[PDB]
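*Asks:* Residue strings, one per chain:
Number of protein chains: 4
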Amino acid sequence: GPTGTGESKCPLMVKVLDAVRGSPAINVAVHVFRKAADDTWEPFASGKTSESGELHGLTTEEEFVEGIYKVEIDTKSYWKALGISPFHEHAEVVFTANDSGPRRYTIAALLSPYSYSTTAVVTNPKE
Amino acid sequence: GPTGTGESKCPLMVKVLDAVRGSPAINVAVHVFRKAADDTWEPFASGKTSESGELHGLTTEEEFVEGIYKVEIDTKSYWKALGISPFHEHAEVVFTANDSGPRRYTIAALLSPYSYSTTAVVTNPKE
Amino acid sequence: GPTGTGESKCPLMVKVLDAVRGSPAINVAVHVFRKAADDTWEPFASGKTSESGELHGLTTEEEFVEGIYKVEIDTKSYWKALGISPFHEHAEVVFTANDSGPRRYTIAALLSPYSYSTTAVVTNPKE
Amino acid sequence: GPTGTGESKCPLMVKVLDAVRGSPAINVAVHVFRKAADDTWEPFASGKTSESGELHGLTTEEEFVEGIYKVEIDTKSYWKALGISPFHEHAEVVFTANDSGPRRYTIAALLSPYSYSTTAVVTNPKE
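Read top to bottom, the protein sequences are chains B, A, A' and B'. A prime marks a further copy of an entry chain. With the entry's author numbering, letter number 61 in the first sequence gets 61, and the count goes up by one each step, no holes. With the entry's author numbering, letter number 39 in the second sequence gets 39, and the count goes up by one each step, no holes. With the entry's author numbering, letter number 6 in the third sequence gets 6, and the count goes up by one each step, no holes. With the entry's author numbering, letter number 13 in the fourth sequence gets 13, and the count goes up by one each step, no holes.
Quick caveat, the hints were computed from the structure, so don't treat them as lab data. Some hints could be false.
Put simply, identical chains are the same to the list, so a pair is met inside one copy or across any two.
Capping the alpha-carbon separation at 25 Å, the derived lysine to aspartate or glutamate pairs in DMTMM-like fashion look like this [unchecked claim]:
{"hint": "1", "residue 1": "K48", "residue 2": "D99"}
{"hint": "2", "residue 1": "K35", "residue 2": "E89"}
{"hint": "3", "residue 1": "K80", "residue 2": "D99"}
{"hint": "4", "residue 1": "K126", "residue 2": "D39"}
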């Protein structure tokens, strides 16, 4: 695996899949932002998906406080490397982190050239 | 509302999209079956999607009685003709229809070589 | 093909579906932005989906010049009004448009409380 | 975890997610069929998803020969337990297993009351 800014009990994980080739989406850049008080997006963590299409160790429990986050997936670069013309500039996921709910957040993204789907799996357990 | 093999107030429509090309999926074969009294699948209607990736005129309100129906979409032929060998043999949609009176059903499918999604839009008639 | 805030040969359309109720998503707020010369998002058009879950009349072929556009769909308001508290704050679609002449763009979105999918259908004009 | 008929290097795994609640789909029945020479479907393996929404140990490498398989997911029961009216009778995935391609097959299914998506991840490595 690759990583981000601080690694611990992995409160946040990203998984990206390729719907064209039926495989993990490898070496895809992912940037995480936290919404700041001035309503701007502050860089928070970043990395590249591993050979199993996952990105772990982006943050730690102490750091992952309640707030608004944005996960940006560089889908355009991914398709370009394959010699395929994509529609989207990138894929963005914006969500609120709340302490009330379950503690691990898994963001999954399924990519096609002209379409994507994203889903959140929120649990108590592990990934 | 007519009666037979045509289109009533089109009680059943199919719409198919291609997530690789960002266009309607044209000339896709569709076969519809109804579960008979003896529990086997009987042929009900068939057609091919048009240039807009839609299929209308499959049945009439009179012919479309209460029952369990299967919509089979020939995805494999579609991809092979494009030079791609896909994962699935076909996409199948199975549902109970009209069990509380006549409804209008739109079955939508979004295709990728290794993934598909299907959604139903159900409307309670009148004109 | 007109000119301004209306609908040319409707160059940009949005369609939103609800995967929980099996119906169009009605009264969903949509905001469109264009990336300005200084790299910031400028307001371009806004509307609400109709009873068929579509939004037409956002722009004209003349106003819809080459550029990077963001379509923001207010999913959170939609679900909350239904008594559900959803995962995402909104769904965002970002793309380059018209970089090889005028095209017609349909942006479709399928909504679930913890997941959404978006697809683009691009057509090369004429009438 | 739960299991199927013979457990080994897990050539076939099933993962099911709930798009309404953003969680694993637990205790969902899954039946696997292999297409027989008479063109009928022979029961092959079955089980219920575990608390992480997965089903492993359905088969072994020796048994998983090339052929046509069907994976049936009992989605209707799942929604009914939640007190939600679903559209589909069940979700079906039909595919050919070939020795040429990568060796592990992961079938994932994302469920909503009126929609589902399925994706195949085929790899050399592990799950």
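*Asks:* Next, verify each hint and record whether it holds.
*Replies:* Evaluation of the provided hints:
1. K48 <-> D99: Cα proximity of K48 and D99: none, with 27 Å in one copy and 29 Å across.
2. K35 <-> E89: Both, since 21 Å and 12 Å are each at most 25 Å.
3. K80 <-> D99: between (38 Å within a copy, 17 Å between copies)
4. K126 <-> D39: Neither. Shortest intra-copy (32 Å) and inter-copy (40 Å) distances fail the 25 Å Cα cut-off.
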